[PDB]
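**Q** Just need the whole structure built from these sequences, with the hints factored in.
Listed here are the chains, written in short residue letters.
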Amino acid sequence: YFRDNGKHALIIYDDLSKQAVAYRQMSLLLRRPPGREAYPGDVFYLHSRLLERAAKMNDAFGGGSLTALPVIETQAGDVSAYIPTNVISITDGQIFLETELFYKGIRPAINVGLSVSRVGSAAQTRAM
Amino acid sequence: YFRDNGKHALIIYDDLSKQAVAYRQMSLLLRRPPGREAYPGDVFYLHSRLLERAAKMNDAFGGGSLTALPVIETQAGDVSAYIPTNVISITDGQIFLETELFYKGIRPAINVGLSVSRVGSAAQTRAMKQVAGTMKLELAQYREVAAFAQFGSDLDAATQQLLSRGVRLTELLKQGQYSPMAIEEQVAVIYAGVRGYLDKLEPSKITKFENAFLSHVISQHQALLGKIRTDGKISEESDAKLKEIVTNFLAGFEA
Amino acid sequence: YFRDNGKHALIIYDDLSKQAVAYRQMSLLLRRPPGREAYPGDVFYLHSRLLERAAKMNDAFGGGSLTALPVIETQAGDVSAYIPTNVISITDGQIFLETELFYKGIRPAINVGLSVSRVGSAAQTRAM
Amino acid sequence: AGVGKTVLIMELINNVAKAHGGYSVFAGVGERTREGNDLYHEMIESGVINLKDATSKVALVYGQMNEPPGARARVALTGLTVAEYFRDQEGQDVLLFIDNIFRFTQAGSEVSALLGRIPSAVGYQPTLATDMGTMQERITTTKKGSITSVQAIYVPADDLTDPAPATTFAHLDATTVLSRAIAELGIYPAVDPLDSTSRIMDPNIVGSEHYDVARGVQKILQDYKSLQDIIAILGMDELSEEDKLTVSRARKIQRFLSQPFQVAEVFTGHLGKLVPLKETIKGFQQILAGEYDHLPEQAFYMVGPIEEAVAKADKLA
Amino acid sequence: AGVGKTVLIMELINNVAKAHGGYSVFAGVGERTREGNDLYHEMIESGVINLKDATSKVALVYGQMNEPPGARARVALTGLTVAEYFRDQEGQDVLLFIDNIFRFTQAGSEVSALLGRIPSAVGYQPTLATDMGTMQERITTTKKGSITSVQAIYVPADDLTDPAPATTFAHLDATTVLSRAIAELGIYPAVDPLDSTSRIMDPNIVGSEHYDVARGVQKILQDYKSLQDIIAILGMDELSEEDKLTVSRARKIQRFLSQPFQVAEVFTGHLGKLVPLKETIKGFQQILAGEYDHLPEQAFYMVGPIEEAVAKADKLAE
Amino acid sequence: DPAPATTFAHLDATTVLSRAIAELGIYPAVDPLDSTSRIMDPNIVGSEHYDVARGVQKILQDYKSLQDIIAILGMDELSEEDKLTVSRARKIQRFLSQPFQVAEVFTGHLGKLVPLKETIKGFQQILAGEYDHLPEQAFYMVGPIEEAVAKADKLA
Amino acid sequence: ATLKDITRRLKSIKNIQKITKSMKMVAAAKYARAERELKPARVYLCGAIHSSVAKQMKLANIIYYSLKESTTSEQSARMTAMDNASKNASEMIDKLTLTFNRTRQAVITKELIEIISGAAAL
Ligand SMILES: Nc1ncnc2c1ncn2[C@@H]1O[C@H](COP(=O)(O)OP(=O)(O)O)[C@@H](O)[C@H]1O
Ligand SMILES: [Mg+2]
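Chains as they are written, first to last, in the authors' numbering: chain B, 256 to 383; chain A, 256 to 510; chain C, 256 to 383; chain E, 158 to 474; chain D, 158 to 475; chain F, 319 to 474; chain G, 1 to 44, 77 to 90, 209 to 272.
Hints in this document: simulated from the structure, not taken from any laboratory. Treat the hints with caution; some may be incorrect.
Cβ pair distances, simulated, as ranges [unchecked claim]:
| id | chain 1 | residue 1 | chain 2 | residue 2 | range |
| --- | --- | --- | --- | --- | --- |
| 1 | D | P360 | E | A338 | 38 to 44 Å |
| 2 | G | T253 | D | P433 | 45 to 51 Å |
| 3 | A | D333 | D | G364 | 35 to 41 Å |
| 4 | D | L317 | F | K382 | 30 to 36 Å |
Pairs of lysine to any residue, SDA-like flavour, derived with a Cα cap of 25 Å [as the list claims (entries may be wrong)]:
| id | chain 1 | residue 1 | chain 2 | residue 2 |
| --- | --- | --- | --- | --- |
| 5 | D | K439 | D | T324 |
| 6 | A | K359 | D | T332 |
| 7 | D | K209 | C | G348 |
| 8 | D | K401 | A | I365 |
| 9 | C | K359 | F | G429 |
Don't be surprised by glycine CBs; every beta carbon is placed ideally from N, CA and C.
**A** Next up, the structure:
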């Protein structure tokens, strides 16, 4: 609504892991064929169609925008698992929070080295 | 029948691994839904309903009892597999056997660190309690350092004593097949070890020692073996007489 | 044809891994229930039948022969996998190659400890 | 087992009853008949149950192991209903012990399995998270009161990333870790001070004071642990002023973390102690400061309020 | 696959069967046809089979890999029934060789879904253990006659826990386990001294010296086994002169365990040696006692009796 | 995984990227021991090229086998031969990295398009030991071997 | 990846951690004594220690001084070496237990899905 009407909105999806498990409960109950980690074939589409909807419209469509901050819980920093890689393959970068940094008291516990932003520089203020 | 009429029975189920396979056979052929390893959802209930019938009845119900020793075969050590997972949780404890221990010379191949009895002392006589507590502590200390053994080329006398007790005791835990010993004979040989009398004997000899010593006390010192029961524990006398016997004997043993 | 007319022929089956995949397809589409790794129960038979057809005939039968060199692709070097082992358990030996030997410059990348011939010197001249 | 668990549970009951008026409910999910009767008769002897006068503070709900999956899958629910009564009708702060949460998930799995459903990762039921979420949510603070749940957790294959445990972690706010090593040091309760954790350990919630003390105790303890190595090898003889104080203080705090449970009396022959949250904070706060450094270790061992540490000391000289 | 089952069972027919007084039965089940042809012609040469008269002492039954599942699922019963006759209708000591009894199980799994069954673990039919039990319980000595059975048993993907091999273990009285890992080092027969067992290995049966030696060998082998990966990283320098001394004798025993087989001449390029029990015990006794500490490890690799490794030691000079 | 796995047989040259390489900062994150080409033949690319490529691959595989040891004891127990392989291997690893035009934003470097001959030359030289005196970081993120030198000087 | 493998490696690498751990302790004690005797004496696998002196290598008083410095240095280096080596082993154990549990999970799921697929095609 905001995006298409020249306004700017920010949605936070907390978290997509739990949504994927609910969708898995639906799928196995539908008897769809289980694959990696017993997730259905379409778990990627489940998130992709969703996150493609966040976007930046140009001036001819009102210049609004919708920003998305999806959230994915990993198990023991395993960012190579199915779901985590799936969302990594959709979004424009990631902020990684390490268990180590947090417990060691570093807050926010961001792993600067493994976090990315594919399209943020252009949007970063010149002052920064 | 024995449990309900003031009698006590022991039941060994060898094995529950196979009963589960038979039950799974029937379950799959009856087209019931398969689960982990293709077992039916009520496989845990099969065993639980079996093992709970094992029990200690109160005086009002005759005081009889049924003890059960269910066997389970693991595959390449996997205690987390489905049927072992289930039977481990149903039971009051586990005696874990290991191949590596077996071939090393440890037989029965029981793993003292991992086996447990939640009942523990509650069903251990006072004499055995006494010596067993010391041995369980010492062995536990041993396990901690047991790795530094073959590489600790400068171990302090403290850690070096832990090692000596630990080899000594491990050896006293070895035991020939088909020769179950009486409780009093067990405390007597454990006593030897936990009292340090065998700290000087060479490890290879301890097995020969035990066999001679035990044959000797069984022969000449019956009276001491009965006292060990009577008193319930190691009496102040028993504790002196043992000291005389082992010392002299050992001396003769290393003549 | 050669085999049964006193001639000698050599046949390379490159490769039997893909053949098994094509069988699996056909089988599943014919509505036959899948077995280990999705492959049909008789996947060994699929290959067993085939490779027994390679043989040495006696003089009464023309003395011709069929020699076979089936090829099997492993994944990540596991020669102790279902299929692989199915085929090893059929042929009269196996030449196992490896990328690590290959890159160390051992080419042909034959792994001597894992390769064998079940015919031995009976297949060599006296010289060799 | 063998780490004082049944004793902890019994104390919590008795402690929440005396200081909050709320009762406790104990749900035994796949209890073993033997341990159940033992837990009963041990409850009677501790007083938390009374076979005569209505002083009983705990209600027991038992779902035994010989029962079909659906029964053992429901029992936490039953016990949860009892606990709900005290919350919604009597406005109390109920305690709900669930032993153990792992066997609630398993019964969950076995039920689904008989119901013909496709299992999910690692074999658990498709509805693992929902099965879990619908029982756990009933456990909260409402306008009339609250239910606080102490639930025993088994971790399959020692794997914290297993679906079962990871699901449970979703709803836990704190963890009490009982350890054999600590028991061995005669420290009772055998609570490991560095593993046990709590979400509400934020200054915004327990206040800045409580927070700083807790961190102070946690730190002093981490440093000591580290020193161990040097102490034994390089010898505890070259420790600077700052280094010897840590070791002495650490050991007072550590011993001051022990505490005679009112339920232990029946055997310990010693009056149980219930310490108020102010004495706790203040007590450790002072030790940290060094205010009681002029006291012997054994003065803090198995005492109550800080006062009792000094007392005992003078007596022990 | 390819560790030595068949070589070893060929070696056993060569030694035990050739000297055997009584009949013998060989069932080739789900194996290679060429092997059938190999064996047949080898037995005609040794006279064990005679085509010109009635002196034949071995009956053969074949159902190899080129046959469909039903055949391979029933051949072993065919082999077995012939042997059963000789057993009951004669009481005479009957020898039964079956290579490979796994093929009875694999055959079943092969038609299991067409039979309508939900699969069990690892793809096997749900009746695996019962199917195996009704068959194996016929392969047995009885009060009437005795059968000495030797069954080659395939192990899928080298995993001994696989339903099939795993379920076969309790049907036996002695098990010889082969390892690719060992084979891979050139030790043949590739037997695993830490995984091969026998009901009769009891001091009150093979006597004390026999029992003691054996136990002694397995202990020195298990000791070394548990150090290998360790010193592989840390180094040997920390091992005391007593420990590093055992590592020498472990390795020697390891190799003294190999033995050239008559039947494997084409593969070893060595003359087959055969060693009597007594000389076997002495060889190993001696090694365990430090005696041949002075000989090189390779002396022990691929020989017969201990004396051969002493010889070889000398020849190793140049 | 079925998909990728089945895809390898449809290609003439493959470029297999790696998460562990990228994580080390190496870009493009190509795995030098898992990317192949049917053209990699002495009668097609010529012996000089073929040789150098095989040389690089052997030193990388050699390094890789040593990793099992390095991991626990570190480099102290390596023969002087071994160490040599480790130093060159590491300068080969880095010199395989290269600033892309399209990734200027993330590398903070100007793009580089290195001609084949120049690629052979630089790798030949590292194999020869010609630059055994430059520091690893010199070889990271440059174009032609010449820049590795210039970058070395800058470091001093 | 293979449960058999990983378990083996874990057994080795767990041993290696303890052994190395104890070597650090021995080295630490030796060094401590040495350090004490350091100054007094100055009045009259061990890491890269051996390596260093040898690479560069291409009565009483001197012998005593040299040897005294050497021992101190050696025992210090070896203490460091083992400290690092045991630390490396711990980290590696941790990372293999993770791997072991991922594989364990995947295996269980994989066998499960095979079973259900075959049941469902009936
Ligand atoms: N006793 C032996 N000595 C030397 N090589 C052997 C021996 N036994 C087997 N081999 C080698 O291993 C190969 C596989 O043995 P084989 O018995 O055919 O495998 P399987 O156990 O599958 O039947 C043989 O062709 C031979 O090269
Ligand atoms: Mg064979």
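**Q** Could you run down the list of hints and mark each one as holding or not?
**A** Here's how the hints hold up against the structure:
Taking 38 to 44 Å as the suggested C-beta distance range, the pair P360(D) and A338(E) conforms, at roughly 42 Å. Checked against the hint of 45 to 51 Å, the pair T253(G) and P433(D) passes, with Cβ atoms roughly 48 Å apart. Under the hint 35 to 41 Å, the C-beta atoms of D333(A) and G364(D), about 37 Å apart, fit the expected range. Distance hint for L317(D) and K382(F): a CB-CB separation of about 31 Å, consistent with the stated range 30 to 36 Å.
For the given pair, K439(D) sits about 36 Å from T324(D) by alpha-carbon distance, which is inconsistent with the 25 Å threshold. Between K359(A) and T332(D) the CA atoms are separated by roughly 19 Å; this keeps the pair inside 25 Å, and the hint holds. In summary, the hint linking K209(D) to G348(C) is not supported, as the alpha carbons are separated by about 36 Å, beyond the 25 Å threshold. Restraint check for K401(D) and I365(A): the C-alpha separation of about 28 Å exceeds 25 Å, so the hint is violated.
A distance of roughly 33 Å separates the Cα atoms of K359(C) and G429(F); the hinted pair therefore is violated under the 25 Å criterion.
In summary, the structure is inconsistent with hints 5, 7, 8, 9 from the numbered list given earlier, while agreeing with the others.
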